[PDB]
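In structure tokens, the next block holds one chain alone, the form deposited without adenosine-5'-triphosphate (ATP).
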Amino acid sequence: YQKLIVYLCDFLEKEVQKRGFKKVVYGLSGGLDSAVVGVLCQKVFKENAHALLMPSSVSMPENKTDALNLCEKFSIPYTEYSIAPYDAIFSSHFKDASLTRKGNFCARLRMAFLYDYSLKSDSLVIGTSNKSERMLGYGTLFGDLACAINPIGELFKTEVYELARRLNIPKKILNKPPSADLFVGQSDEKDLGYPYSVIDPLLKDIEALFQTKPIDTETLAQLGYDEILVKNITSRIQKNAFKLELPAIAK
């Protein structure tokens, strides 16, 4: 992984630079993903790298603290701006709004402020969505997936968590159970039903056999994979493959 870090950094210095920038900003929810990116950007831009903590009306005050500790540890400048009063309005107008609805809206708010922040400070937005998340379709389009550059999007959640270790990320971030945070008691291993030590291995084979041809559940069980786990994931994938594709435009 030491060689990996060196790679991501260089990828960062080259991408931001070829666009005419010297500063970058990203959301810092206080999670593994968001923390990993931040440390990398700090390694390359130091003070020119800025983090934005946008807790909502339902965020966990504990996560904000972890993000506050993280910053303090790597000397990462930051700005605290709560989106609470915005989701408040959303609620008054939408009382029957489902969990996911409120979650999508808040993630689109955090996106508006990262880009509003980049406009007035001349910075580029850097995403923090990992490969496993992108493949699974578990991300908000034009929300937390909206960025100009992403250094760890081709890294599975497993490769992500381990990279962080070599990055010396506060252990409180590591031991922290996967959770995109959108409301209360949410977690990835809860709405997905399985841990990343179960999900990831199959994604490695899916992105090795069915490069461009349709996925075949049959040829998957042969490698050694639970039936339901193979049919569930496969669906999820094909059901969200549109999120990582440009919009459809008539030629």
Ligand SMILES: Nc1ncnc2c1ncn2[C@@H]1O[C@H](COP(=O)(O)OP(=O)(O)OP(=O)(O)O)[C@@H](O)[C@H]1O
The other form holds:
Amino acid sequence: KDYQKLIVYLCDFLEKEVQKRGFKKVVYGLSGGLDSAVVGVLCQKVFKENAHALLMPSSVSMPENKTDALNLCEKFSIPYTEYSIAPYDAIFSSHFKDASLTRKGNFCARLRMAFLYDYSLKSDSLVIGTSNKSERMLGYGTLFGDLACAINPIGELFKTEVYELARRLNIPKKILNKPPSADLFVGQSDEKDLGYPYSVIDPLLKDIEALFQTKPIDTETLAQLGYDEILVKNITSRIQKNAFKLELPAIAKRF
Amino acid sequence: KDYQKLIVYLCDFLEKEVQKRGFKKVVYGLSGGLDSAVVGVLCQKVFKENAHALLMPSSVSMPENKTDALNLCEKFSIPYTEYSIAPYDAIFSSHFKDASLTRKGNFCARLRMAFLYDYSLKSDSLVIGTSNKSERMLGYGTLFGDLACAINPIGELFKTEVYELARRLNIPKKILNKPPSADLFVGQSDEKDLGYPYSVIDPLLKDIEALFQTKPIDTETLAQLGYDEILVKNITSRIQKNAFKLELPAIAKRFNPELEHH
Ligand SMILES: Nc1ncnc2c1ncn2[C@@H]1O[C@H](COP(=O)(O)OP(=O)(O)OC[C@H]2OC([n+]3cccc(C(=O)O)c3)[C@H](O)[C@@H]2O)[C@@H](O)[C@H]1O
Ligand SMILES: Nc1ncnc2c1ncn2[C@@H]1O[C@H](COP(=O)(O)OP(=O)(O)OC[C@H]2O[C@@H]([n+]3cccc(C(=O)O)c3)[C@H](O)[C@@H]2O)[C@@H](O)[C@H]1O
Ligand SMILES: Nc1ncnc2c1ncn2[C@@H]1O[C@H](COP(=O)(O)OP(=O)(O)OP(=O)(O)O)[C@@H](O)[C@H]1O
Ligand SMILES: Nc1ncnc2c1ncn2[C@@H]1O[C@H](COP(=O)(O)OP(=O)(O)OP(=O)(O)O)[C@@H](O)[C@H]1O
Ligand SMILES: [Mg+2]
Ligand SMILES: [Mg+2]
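Can you give me the structure for the form solved in complex with adenosine-5'-triphosphate (ATP), which would complement the form deposited without adenosine-5'-triphosphate (ATP) we have just seen?
What follows is the entire complex, opening with the chain shown before.
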């Protein structure tokens, strides 16, 4: 129950990493969801007015999410800026009508990466990421999109742990009770895309991280732990298919 | 010859890296410049028609560059597609009229990454990078922009070496002698931005690679070699300031509390 210890640890991390790089200001995307709310509150405790939230709704971003984001900023005195990327996704939709929801969402996530980095350069700030360990392991995120940042304080925290941390940070119940959703298209949700809730995925991901962090996953070993055959096959496939997102691009060694 | 061994080496790298990932098709951005022309020719030899070139001119892109890129595809039978990003940068210019040239250029480089990746997903392909070793060490490129890719065959070749390889690959003279330029704004050139041509930069980078790799750069040692003080200061700064572009993000490790009995 020593989450106060964890909060101090993460705040110290943010302070040290930003300082060692020669910066004193940070920016991050605030979506109205749990993860970015946690990152926003942590940065506010460390940089106060020097931590800035950037809200970037799209043409399909759900309205409620944005208002919840604004309410968070007012509650925690977080300076913010609202910048719509709708004019950009509108062009993409007109040029690629039959584009899959995934392609449309990935473009938006990258547009967000671009404006966060643009904002950072013009204001001399660093971009703080919000991807949690569950998403990172599953590769549930857009490469060079929401996975793009300079520093990420909750990258080794599983989704269930980010939630527990959020409670200690007094994150609004509105955001705490909100089901995870990339919000890249109307009706999207982590549970629907993944097929299982984080209450079922996280326990398995934790054993996989402990047993096979730098070695191949042994589905038979996981089977012995009492995990559903189908569940293991599905989660293992996702992890192995997206392992590349956690690695640097392959560069031919000097001849 | 060693250049032929190099070509075979790079071709094998591309085929093995793409195959081990379960792919058979690749895509890359063709700007009309030397770096992308080199990557395009190499990919054509390995994947033939399965290697696609994506031309993405902006509102400021020089027209001559697109023409040279198109002629390259014709000479080497490279399938291509032209998608202008002008409509997108036009909105950016309208929203941020006073944005710096660097900010505007970074936005375009990132739009190109997004379309290359969009194209790769819809066609079951991998994005091949074109950043050379000089650009990588100097951080002369947009993070998550042109530096973004799955595999990069020329990341360990200095610009000067890329030029020599290009000669053996029979790249059009128009491209070979073309001055390096991000072409993110009218009149841009690597020499004007960096302050020096690669003929002066590369020799210094090669010494830095040989002298410093386990320890930080020592400007006094470089001064003893005979390098000009300004060149050393300029290049050393670019390398140290932009080293972060070649690394993954800093992620906070799991918290391990120091227990009372520890
Ligand atoms: N083996 C390999 N080695 C190196 N590169 C490889 C590769 N295999 C594919 N690639 C490349 O990776 C690309 C596919 O990766 P990527 O573009 O990320 O795309 P993808 O993984 O296909 O889509 C991202 C997914 O996670 C999503 N997401 C996005 C944003 C936020 C959240 C959230 O929960 O907040 C979730 C999204 O909705 C979708 O379900 C390919 O098209 C290809 O260019
Ligand atoms: N220490 C650090 N650790 C982690 N992240 C750090 C950081 N310092 C800055 N950052 C972040 O990195 C950002 C700055 O990097 P970045 O956005 O790339 O921007 P930046 O390096 O400032 O501009 C890109 C540069 O490379 C150029 N370029 C671009 C595109 C193509 C070519 C070409 O030759 O084709 C050359 C360009 O002309 C310019 O000289 C910052 O705003 C910040 O968010
Ligand atoms: N409309 C948006 N405005 C600003 N940032 C956004 C927006 N949509 C996505 N982002 C950014 O991309 C990330 C993707 O959201 P993600 O679903 O992963 O987490 P979240 O919304 O913070 O929390 P949760 O996973 O519970 O929904 C956000 O954390 C945020 O940094
Ligand atoms: N108009 C464009 N169309 C397609 N791709 C582009 C365009 N502009 C830039 N790119 C991509 O981004 C990269 C920019 O890198 P860069 O300008 O340094 O190299 P280059 O133009 O190939 O060669 P050079 O360094 O001599 O200019 C290109 O290699 C290419 O993949
Ligand atoms: Mg969300
Ligand atoms: Mg060029």
